[PDB]
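Missing here: one protein chain of the complex. Every other protein chain is in place.
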Amino acid sequence: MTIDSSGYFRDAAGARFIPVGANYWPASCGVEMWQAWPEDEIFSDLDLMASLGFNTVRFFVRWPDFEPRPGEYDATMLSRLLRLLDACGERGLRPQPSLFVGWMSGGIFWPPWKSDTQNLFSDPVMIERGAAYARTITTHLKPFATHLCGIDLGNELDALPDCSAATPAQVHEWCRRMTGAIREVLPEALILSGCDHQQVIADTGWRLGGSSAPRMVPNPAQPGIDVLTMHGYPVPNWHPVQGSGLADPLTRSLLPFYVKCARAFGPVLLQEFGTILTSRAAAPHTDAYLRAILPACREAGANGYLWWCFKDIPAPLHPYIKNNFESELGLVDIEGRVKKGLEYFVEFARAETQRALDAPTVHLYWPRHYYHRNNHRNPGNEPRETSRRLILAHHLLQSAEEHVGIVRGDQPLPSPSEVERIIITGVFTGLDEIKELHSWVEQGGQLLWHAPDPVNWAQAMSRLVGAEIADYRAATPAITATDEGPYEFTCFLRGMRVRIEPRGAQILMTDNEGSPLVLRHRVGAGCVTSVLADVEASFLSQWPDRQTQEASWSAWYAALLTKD
Amino acid sequence: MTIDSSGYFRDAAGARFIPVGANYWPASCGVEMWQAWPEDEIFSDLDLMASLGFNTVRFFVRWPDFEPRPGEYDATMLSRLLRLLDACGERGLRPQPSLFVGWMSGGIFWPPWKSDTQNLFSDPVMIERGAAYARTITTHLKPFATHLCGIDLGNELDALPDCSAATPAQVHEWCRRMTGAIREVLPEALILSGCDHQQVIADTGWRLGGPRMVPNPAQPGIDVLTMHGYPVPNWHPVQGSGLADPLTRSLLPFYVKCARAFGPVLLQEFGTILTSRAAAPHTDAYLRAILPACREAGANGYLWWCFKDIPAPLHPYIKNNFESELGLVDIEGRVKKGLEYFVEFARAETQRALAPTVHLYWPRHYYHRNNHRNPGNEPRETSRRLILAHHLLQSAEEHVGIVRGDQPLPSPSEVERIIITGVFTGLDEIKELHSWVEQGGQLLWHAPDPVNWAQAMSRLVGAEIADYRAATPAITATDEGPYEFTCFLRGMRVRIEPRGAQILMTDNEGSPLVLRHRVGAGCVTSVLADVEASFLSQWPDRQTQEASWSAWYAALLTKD
Partner (left out) sequence: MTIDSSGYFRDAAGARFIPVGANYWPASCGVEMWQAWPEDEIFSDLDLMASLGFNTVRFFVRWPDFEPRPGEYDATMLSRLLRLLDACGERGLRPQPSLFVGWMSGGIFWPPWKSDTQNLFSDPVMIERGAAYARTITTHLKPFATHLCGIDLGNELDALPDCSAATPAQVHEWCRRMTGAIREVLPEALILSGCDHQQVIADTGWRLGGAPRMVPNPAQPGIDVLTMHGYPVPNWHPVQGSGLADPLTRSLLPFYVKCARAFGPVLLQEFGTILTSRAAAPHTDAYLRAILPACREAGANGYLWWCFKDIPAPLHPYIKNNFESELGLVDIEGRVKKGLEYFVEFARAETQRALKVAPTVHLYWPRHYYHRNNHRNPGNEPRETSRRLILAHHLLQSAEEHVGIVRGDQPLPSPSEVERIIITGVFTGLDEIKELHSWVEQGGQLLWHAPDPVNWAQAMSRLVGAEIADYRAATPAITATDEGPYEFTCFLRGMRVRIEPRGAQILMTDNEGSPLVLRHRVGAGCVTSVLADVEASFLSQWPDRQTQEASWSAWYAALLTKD
């Protein structure tokens, strides 16, 4: 099992395959599966999966179950593991076993010999016990090595409180150690991270973006990980921009946007996706939601699709008691029937696996230094702040009917024949980034620069924007108008506003009190359009008036975008 | 002493005893009393307390005075304690001595061998010296065991910063050790926590709601719960307006009701803070409201803070000089004008020692720190909503109680009507609520929670979620006027489709806002907005809005 050059899974025989299926816990016992072991129920569920066309099943090796005392592995659980691996094989399902679990449905399930004082990532004993546990489980997977769908490091390790208390360096080291332990048994295994969208919207230490001989791996900030993962749900307050739900185009753009970011750093599996609401009343809306997000996730480059989760789980036990929405996430009801509203996933999965037998018209700028914790070279970017601006720009550009890509500022910029238009959404850019943006613009790039950064505004930025800072001025709102309507910007980058003097640039727009607000500067073959306001922040500050303002928000980008 | 079946003190004679009196430091020296020891002034203050009809005095054994070096107790201080205890008995006053002090009047006073890096609850050495210090003092109290009004563990231990750095489990264990230590000497002593209202409005590890049988197992070895309360606007999570404000006046009875649901409650500290002659018409009216209300909430005793004005020009009265003017009596030994009703009240309660129409819902999981079964409730958030609803309902002439969700719901004969004020409820609570509604209960459910909205919640509310919707304001009207709700639970709104429930009110865009659902013999009225948080968000407009706020509950409340 291997990942091909276009980021797709390949089986031992070198044919491509698209993982499709479900994350799994039995209905009757949820997370207690290893203890309750309702084997007829499990095998009947695997039969149901196979009959729907699924070719993979993600399941969780719950660590306390398997190592109840330090170094003593439960032989009954290991035998149940082997029975499961066997039963999936005979039914055409490639198991995707998840080791470090850990985080699950609102609970946290660790071995009793780990105290809350022992940080999963940094504690010396936990590192050793974790490595031995990874090697032990991998040993028991080795007889199935060619029938796996990768080995999942753990479930949403970036959601753990332990991420706040361990340094990024320590998380990086733990990941190296746990992948290395797996490779002491299966050196060629495909390992997935198991992380969710907090890779994009927070700094948990689980990062997209390093610079690389340990192993050839696409994302060196996650050493030893062959396949990046993305998880995503429509719940409005699980994201830094609050959408309105299943019918909202903003909400629908979130998961494809996350996949697009991940895809820029390596192959990406949509390892978890769900509607959360799955009742009969929700059926018209969940159906339309799925018909939007799944093809968009495909176009964004996902290499596989696993629903959360297979069955409703009426088990009256932790953590389904305190977060009872977790009890009704099944693709399938009690009778083994696909729930009204969700059938499209079945149709899409069958389409995708028969498939396995263009272009973006604008790119959002991902800054060279994205994560802030212990980053001494970062000019001030923070994931939650950057990602709020990227999410909204991404959605509003798609409402202007643009095809939106991501371009990486920590890599040389693609020549303007590949990436022709770049939008910087008020993120902070260092000297090297400016120089490269200059050379890119010189060969013909069209740059739309929202709120260039005064902290990095010296000679280099002045020659690129085409203007010098004459003085600061009060950060009071700027009111203006394009040819389609009026605009008011209340936010400015770092809370500061500047008075500029043109030094090559033309004044494309002024505020209503006469001063320059949008500049336009031609530099070699390209053209820099700079806006002296924090556009995305201003729009986000007027979120309660979203209904009536959104059309003009999106019309803003269209008016200012130029073409060679 | 002993605590009877109804939560009141009993003396050796088996008579009911209602403690009435004051917390005490001397005027001339304040917290330095054990060092300065003005014995004549002290004994004369004890005289005046007795002449006023008091039967209890609360005073503080200040640990640094008694244990200036580890394991070395200061015999001079112990002599002084004996003289004090003797002087109280000779004068008719039951001493309530408070051990771990500690926290006092804006200062913190620990022995000099307790480093700032040594947490009081979790440090191994501190725990052992604490147990040893508690035993030692209880040894010197034993000669008076039949004359104490209980032993007070310490003053407002829940207010210490150490509460923040120690886990709830470590606080629980410290409480078990120290009460266990006292009981090695006086196994039958009545022990009191000494805690204030932060038991309700914060998670300090001093908790209402979970060996020798105690009423409140979260405080192991404690016999009598305590409550402290002052009208200061910004000492509470809802800003009242002071002595004349019915909201501020409802705060202390509210806290007492909450504590009373978990066990017997002494009103161990209450005061007006403002005691000047200019304040006198207002202190008089405030005390006339809260003392009867606290009685009806179930307080079993009343101790004023504090007995004398304290002009002592020393720490901590220099930096918080309002502490210098909390006396019940001036320096001429006269009860301050405006405070006299407390003497009248106390006399009345010791002479006599010879209702709900709706209940507020206290969630099963109240405290968040290291609580893995908690669906999201935090004391400050929950108490905010509870304080406001309690006050609004009392303005609607309702007599409000508290029903505990961590215990089986009483039948609708006892508790007929329940309001859930936008708190988070697990599956087990929903199932128990549904069973209680089945038997006739009337449920007013403000903001049923999407995170626990699956099948059980849908059958009880009588609707399923069709989708989320924008969390924009909901405007509506009852038959008495308009309403606007800007706050929703977890900052999310849902679109519902009915499945058995009627639509009672819509927002002015047509979509359902309030539902009403007959379930068995009872009825669930559900509001799809965070009602209490919305009102609280309109706090600047309280004066013009408060009337409709309490009208809201009156409009929606169901009776059989």
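Read from first to last, the chains carry the letters A and B; within each, the first residue is number 1.
One rule holds for everything that comes next: contacts are C-beta pairs under 8 Å (C-beta built on N, C-alpha and C of every residue); 3 or more make two chains touch, one makes a residue touch a chain.
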Which of B:14, B:112, B:510 or B:540 sits in contact with the chain that's absent?
-> B:540
Considering the complete complex, of B:64, B:68 or B:233, the missing chain is touched by B:233
Residue among B:57, B:190 or B:279 that touches the chain left out of view = B:279
Option touching the unshown chain, where A:150, A:256, A:430 or A:445 are the choices | A:430
Even though one chain is not shown, chain B touches it at residues 107-108, 116, 231-234, 239-245, 248, 274, 276-279, 281-282, 311, 313, 315-322, 324-325, 540, 542-543
Which positions on chain A touch the chain that was left off?
-> 369, 374, 376-379, 430-432, 434, 454-462, 468-476, 494-496, 499-501, 503
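Rule of thumb we're sticking to: only the chains that are shown with their structure count from here on.
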Roughly how far is chain A from chain B, going centre to centre by Cα mean, in whole Å?
-> 46
